[PDB]
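Chemist: Each chain is listed here by its residues.
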Amino acid sequence: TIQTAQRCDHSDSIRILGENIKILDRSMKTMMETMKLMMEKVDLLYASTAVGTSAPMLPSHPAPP
Amino acid sequence: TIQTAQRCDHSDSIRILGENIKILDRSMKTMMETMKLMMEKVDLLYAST
Amino acid sequence: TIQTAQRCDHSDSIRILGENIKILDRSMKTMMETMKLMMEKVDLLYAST
Amino acid sequence: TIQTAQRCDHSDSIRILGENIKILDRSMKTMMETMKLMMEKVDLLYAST
Amino acid sequence: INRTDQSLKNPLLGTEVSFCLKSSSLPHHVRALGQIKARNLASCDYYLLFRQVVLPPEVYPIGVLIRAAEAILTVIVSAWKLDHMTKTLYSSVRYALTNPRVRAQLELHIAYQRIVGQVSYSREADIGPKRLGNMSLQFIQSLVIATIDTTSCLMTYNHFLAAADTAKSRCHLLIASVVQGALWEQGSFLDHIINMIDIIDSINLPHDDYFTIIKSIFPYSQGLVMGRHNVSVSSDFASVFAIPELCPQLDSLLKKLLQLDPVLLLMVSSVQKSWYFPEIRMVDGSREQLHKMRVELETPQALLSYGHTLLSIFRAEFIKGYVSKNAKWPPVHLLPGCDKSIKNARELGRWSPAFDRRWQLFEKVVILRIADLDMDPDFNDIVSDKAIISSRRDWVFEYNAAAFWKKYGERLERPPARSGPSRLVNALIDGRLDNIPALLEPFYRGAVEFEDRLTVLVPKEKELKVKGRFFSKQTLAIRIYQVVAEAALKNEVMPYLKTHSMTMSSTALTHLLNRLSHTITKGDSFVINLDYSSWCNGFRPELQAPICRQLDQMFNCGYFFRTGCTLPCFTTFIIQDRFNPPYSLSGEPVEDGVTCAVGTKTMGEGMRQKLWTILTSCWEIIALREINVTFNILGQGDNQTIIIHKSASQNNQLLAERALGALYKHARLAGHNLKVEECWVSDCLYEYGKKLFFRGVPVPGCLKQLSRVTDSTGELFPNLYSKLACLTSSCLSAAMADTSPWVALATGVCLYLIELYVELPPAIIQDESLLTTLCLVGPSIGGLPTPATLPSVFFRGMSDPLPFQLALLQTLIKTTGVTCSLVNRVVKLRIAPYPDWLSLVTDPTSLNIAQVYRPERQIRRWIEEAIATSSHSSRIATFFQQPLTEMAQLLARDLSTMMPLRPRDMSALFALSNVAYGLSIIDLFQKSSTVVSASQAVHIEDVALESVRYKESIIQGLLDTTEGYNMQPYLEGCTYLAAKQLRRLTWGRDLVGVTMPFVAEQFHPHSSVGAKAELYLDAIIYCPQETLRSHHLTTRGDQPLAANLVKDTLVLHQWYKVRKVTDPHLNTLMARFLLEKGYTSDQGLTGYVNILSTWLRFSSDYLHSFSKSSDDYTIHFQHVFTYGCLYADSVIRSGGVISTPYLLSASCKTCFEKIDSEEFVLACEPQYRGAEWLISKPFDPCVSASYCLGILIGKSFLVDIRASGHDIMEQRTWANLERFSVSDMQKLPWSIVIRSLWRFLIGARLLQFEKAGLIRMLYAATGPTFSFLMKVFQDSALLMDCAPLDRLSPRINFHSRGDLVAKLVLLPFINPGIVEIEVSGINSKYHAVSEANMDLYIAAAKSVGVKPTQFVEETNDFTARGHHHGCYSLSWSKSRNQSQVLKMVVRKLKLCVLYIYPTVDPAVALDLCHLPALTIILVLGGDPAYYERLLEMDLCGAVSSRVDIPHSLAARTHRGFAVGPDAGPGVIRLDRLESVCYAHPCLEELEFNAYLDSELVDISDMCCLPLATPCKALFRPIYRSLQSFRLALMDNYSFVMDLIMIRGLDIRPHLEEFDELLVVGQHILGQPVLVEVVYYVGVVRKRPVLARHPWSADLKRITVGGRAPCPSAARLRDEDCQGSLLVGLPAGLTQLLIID
Ligand SMILES: [Zn+2]
Ligand SMILES: [Zn+2]
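Chains as they are written, first to last, in full-length UniProt numbering: chain V, 118 to 182; chain A, 118 to 166; chain E, 118 to 166; chain Z, 118 to 166; chain S, 20 to 1060, 1083 to 1123, 1145 to 1240, 1254 to 1711.
It is worth saying that the hints were derived from the structure and are not from the lab. Hints may contain errors.
As the list claims (entries may be wrong) - Label pairs and their computed distance ranges (CB to CB):
| id | chain 1 | residue 1 | chain 2 | residue 2 | range |
| --- | --- | --- | --- | --- | --- |
| 1 | A | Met-155 | V | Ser-130 | 35 to 41 Å |
| 2 | V | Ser-130 | S | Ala-346 | 33 to 39 Å |
| 3 | Z | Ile-131 | E | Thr-118 | 21 to 27 Å |
| 4 | V | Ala-122 | S | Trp-370 | 45 to 51 Å |
Even for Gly, the Cβ is constructed at its ideal location relative to N, Cα and C.
Looking at chain V on its own, in the form it has when it is part of the complex:
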């Protein structure tokens, strides 16, 4: 009875899971920024080559929620 509880407790494991999820979130943010840099470069290049022609303004973001 008494010993059957702590075995059912996994506070450390859940904390590790949460910390790993936070690491995932951090790396996701880093990817967001790197992708934003890529988008900046490509968008600016496309816009520069666009002036003087009728090239369509291709969307650069999926959609509002």
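Chain V is fixed; fit chains A, E, Z and S with the ligands onto it per the hints.
Modeler: Chains A, E, Z and S with the ligands alone, transformed into the frame defined by chain V:
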């Protein structure tokens, strides 16, 4: 006994991790969609080659 | 006792957590086969210049 | 009472997703190596124009 | 119709004329081409014709105008009671209208205006050959054909408008200049103006060079001024321009003006829009504009890198702002590699200074979501004055089909039907704006549809740039995007940025400016003016991409902002120049590089006006900080004023040079080539807010503002009323901003009379009396707007225009030869049949008259049918066509049921109403641009006929002689009562709440030369600190100078619950109001007179009648003080000098009405159901007030201690602690406030630094501090009734009331013995009382009760038969014997009245005052300084009770017995005896002999009178009881011991005070009193040390000299008392007392 059960339940942590994984999935959809446009931005460049 | 005992149920949550993990991994594999698309496209671009 | 505790027992399931976290984490890492490489590829492309 | 303009409002364009001259096929062009003579000067040279127009002298009989202006000005001034000024004004205008040149200019202006009025808005096509002197103007549709002899000048109508506008501006300028010269230290500068006009008119250079000269005239004058009065930093700005090489005469004239007076030169040269305007060179201007838009000064990669740097600095500044505001870092993410310092700063939450110099560290920090973007703009700004187009399918509309056919050879295929709903309003009505976020989604996604990718470039009108200053008119979607982005940036970002916050805030900015105005003269804090000539055509996408991406991440509006930085790359730009259309290929314009451009780098002028400011501040800050110089930035956009403070390291010259170099370098990197031809460094001249300060004093704008003719007849068809209203608004604005009220008023009267002369027929014009009455009638009682009857001109705040109107009419009737019958037949009063409560709620002060002259607009009529047509219904278009007017009328009538009818509160209630918001929205939708122009354009015959209809109607109305309501009874007696009666009659319910009287009627000025006592019974006294003269008028003196509806409803709820009322109906109405919004649960004076005010001291001594009772009267102090200062200004400017103090006495008794402190009891249950469709989105106060006052004062002191000497001249307490009365404060039991302050201070427990600062400044007194404390603490009642003080009174020793208050308020840190006793009282809920509702508690405590009484404590008196008790007042003072001798002499002479001159010692006068059964008459000569000093010194009511103020202020020489003169009849004289030859029973040594009119007064038999409760002037704190002296001595000893522990505190001043008590104790003990004693003070082993012998090298030696035995100590020198003193005293204190 009851106090032991309280430590055995981590709904609050479950809530935050569920929300975190959800927002991760949303970020993933955004990743895929944003990348999907680059092909349209580069394919014409290959044609220009 | 029974009212609070039922609240301890988390099987339904575990189901959606598993499905979330599966779909997230599927998105990961999709992005892998996506990036692999332009991998060679930009790798052979070394000879392009 | 014991059966109720067994019903709440999901450590094994947790263990499963725990390993997936590494497969998540490890997977996550590779992304950088396939994005940083293209990040600098674009950077040295934008400069040369 | 045609020629639908009466003022110049479009840029001149010669394209149409050139096209016509090329054999155009248009019939009217053919007609015009057949009339030009042989020599046809090009339209570019239109000014060359209109400069040669000369009318025969004296063509218009304007003599009646001169007489009328004279009479009107005389009446106005007399009504103001400044009669002595009349002459000046009464002459100046005459002179202005008699000078041949000015008269000729005025006649030319009249002829021009008549010509304009005979042609504009004409049904006819071509008007016959109108004559304008020697011209032969011949209009043809929108083309004019000027003709001076054998010289035609075929031009466009806009050219003629420009010429007429030039003539009007010149007339305004001449009249204003003459009037100003009259009222001006060095007057009559009209000659220079005329010479300048002739010189400029003599220029003969080509068009471009002429306009270059005209444009450069003003900057060149600035350069000349700077190059002559730059003390520190050299300037060469004047050398850039080429005026000296092109117009030598103009250069010489400017040099002469500079020699005379720089301010005069700056004023005269500021008139830019008074010389004929240029004809923009479209062919060479549009191409240059387009090329400049898409030029690249920097490679895009370098631009992107510098953009990243700008992003870094922006992040740093935003983080600093956010943490300074919310005391925590915003949600941020640190990329890998972030510096540990940033990590720690975020973890704790703070802003380490090192960041500001190390912004580069922030490149690794990204700000996460901080807010959200509100995709829902309010209609108020969405439809502001900015023309737009429906969509891309509209460009064909803005061109001429015939010209397009001629240019290419094919039709325009213009859609016959209107392809777009005209301007913003029509498109809005069509229902497009129903769903905003759905409309902005393409921006969010980043692909704006092709329909919204067109922008039209429109040249800017009324400018001197030959090549144009194109601005942008953009499609609807882009306009909405710009509005939303600008709102978001202005709300959720800009306030955080430090640089812009100090300019957004009204108060903060002012402080800064004041500081600068007080520093540039001193030789430090110079100024750099930067002028980015290519600001708008600058920014490229690369520079904006980083900050734009960061912003998009902030608001989580994906790519919403970023789209703006690349949109111009996909946009199509065309030039709005009819008769020059771009070619079309497939329904879209083609690119030619001259008229059309497919895609450019920059969005255009105005677009993203805010983000650009953010970036500009960013790179300027980067430029400056890298050289480490303190600075401030004030940016108006194109131009930036950078204040650079002095640095001891280098002189100002080197600092300025380095700053300029850095700014150039760091603005080049941002692709903004900053040519050094418009940026200059100065320390004497600087511009901000379009005001040009010279040496910190604003340069008068009279010449500029009065010469700046506005649009006139705006948003309506032409009519006399609109023109008069615009003129009146211009005059009021000129007076309010920066101008002499007299100059503005006189110029306004002259211009108003001229305008009437233009329109009205000779029947009315040639009638002097009728013209005068018509000009004085005013709009209030119903009449054409006028600049005369505007009390708001002289005064700043809210004004009641009715009583002033009646006062003016009374004065007119009484002075001029005009009878009441004429006023009746001119006013034509007619009470409305029924109350129109809507008008009252909209305008509380108005009457129920029928405003016959007011123009009835019909804009609602056009839009009412517009919504009906096409049945479009999704928005305001449909759910605002409900009977809103009827619902508003119902609500107003419902509000009318208030028993004590209060129109002010009525309007307040009818402000938090959904119906009120709807009415306001309708009004803005009507009275705005982009609607009248659109509505007028679609339907214009209506206005064409309406103009003539209105003109005929008004002429007929003015001509008829039938009288209206007999206004006789309201043109006599007090104007206040008359106004009340008139309001009651016209309304029928006796309005109470708005009748504040006419100050001039209320108060009559007078000079103290011969003022009688009665005049001083109720008066406000002004004292000039020296003789006043015109010089003082400029040199400063020394003396001190949406969602809101719900919160407003809640605030009003709290306010009305505080006032102790129970109105179920009002609660029901408020609940109904809140139901819709969804909450269904629960001194200062005016600008003109400040400088003169600084040399004057105000007061309030009429308390004898109107300030003793707590009841508040109708008086308005701001207005009264402004009026008095205006009187002084008038006396000065009329050639007089103000030497003696002068008063404003109370004249009209009935104009002082006790304010009705009543509450409204609204009777009928409200019937305003609601407007569900509107608004889509959702214990006694004394204790609380006392605790709030305590904490407020505590924090005020806490902020004052921080401020340095340079930051204390500002009187702005922490939060406006000053706007309080005196009685209100006296209501609160002061004990409570004192306990609260003590508790706050002890709880605060500040360390040594703050404690030392408090000690020093409180023993001193500066700023919103002990200064205002003493201000509040004149009344001695509070002191003796202040429970803390009475217990403390026997515990401390003082020397003046300025020291007792300091000891009382510093008790917490000096005497814990009693403060820790009173600290017992406490209540947690009282602590929670927030200060945001501070005023609520004061209002709740407004009528608590009655303030305490003053009592009259006695002084040691004497009698012939008395008992010598040995007590004597002023024992410590040297004048002790003198004061006692005077008292004995007075009692011996049995005087009932005594005169005291200011020469007598203040202490002696006070002691004489405390005598009973004696009347004191100070010979103050109108200066209450001496009496104020006596009141401050005393601590009882004797002075206030026994000093006759009305007689004292009215007495210049004594009448009877007096003291202070050395000789004279009845003068009391004291002759000091060389040797004391008599031992008076009361005075041991008689040191003086008393004489009266050369006769000695015997006082030998005099003896002491039985003493009783004595005043504090006897210094009871140290009483006969040595134990009291022991208490005081021990307390001071402990306080000094505590002070010694304060590091860095100058303890010497306290040590002298302590040594005084030590001397007293030594005298008591019998020890010798050493003249000098050396004390050694220091902290040894963490303990205080005060010893006369140096036993530690660290003790600071302090020497105290001048020690003398206090005679007051003689009484305490009892033999048995010596032992009791030393019993129990501290050992150190005993050692100090005992001299070795
Ligand atoms: Zn009166
Ligand atoms: Zn007293």
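Chemist: Now tell me, hint by hint, if it's right for this structure.
Modeler: Evaluation of the provided hints:
1. Separated by about 40 Å at the C-beta atoms, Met-155/A and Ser-130/V satisfy the suggested range of 35 to 41 Å.
2. In this structure the supplied range 33 to 39 Å holds for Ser-130/V paired with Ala-346/S, their Cβ-Cβ distance being about 37 Å.
3. Range check, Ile-131/Z to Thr-118/E: about 26 Å between beta-carbon atoms, so the 21 to 27 Å window is met.
4. Between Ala-122/V and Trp-370/S the beta carbon distance is about 48 Å. The supplied range of 45 to 51 Å therefore holds.
Checked against the numbered hints given earlier, the structure satisfies every one of them.
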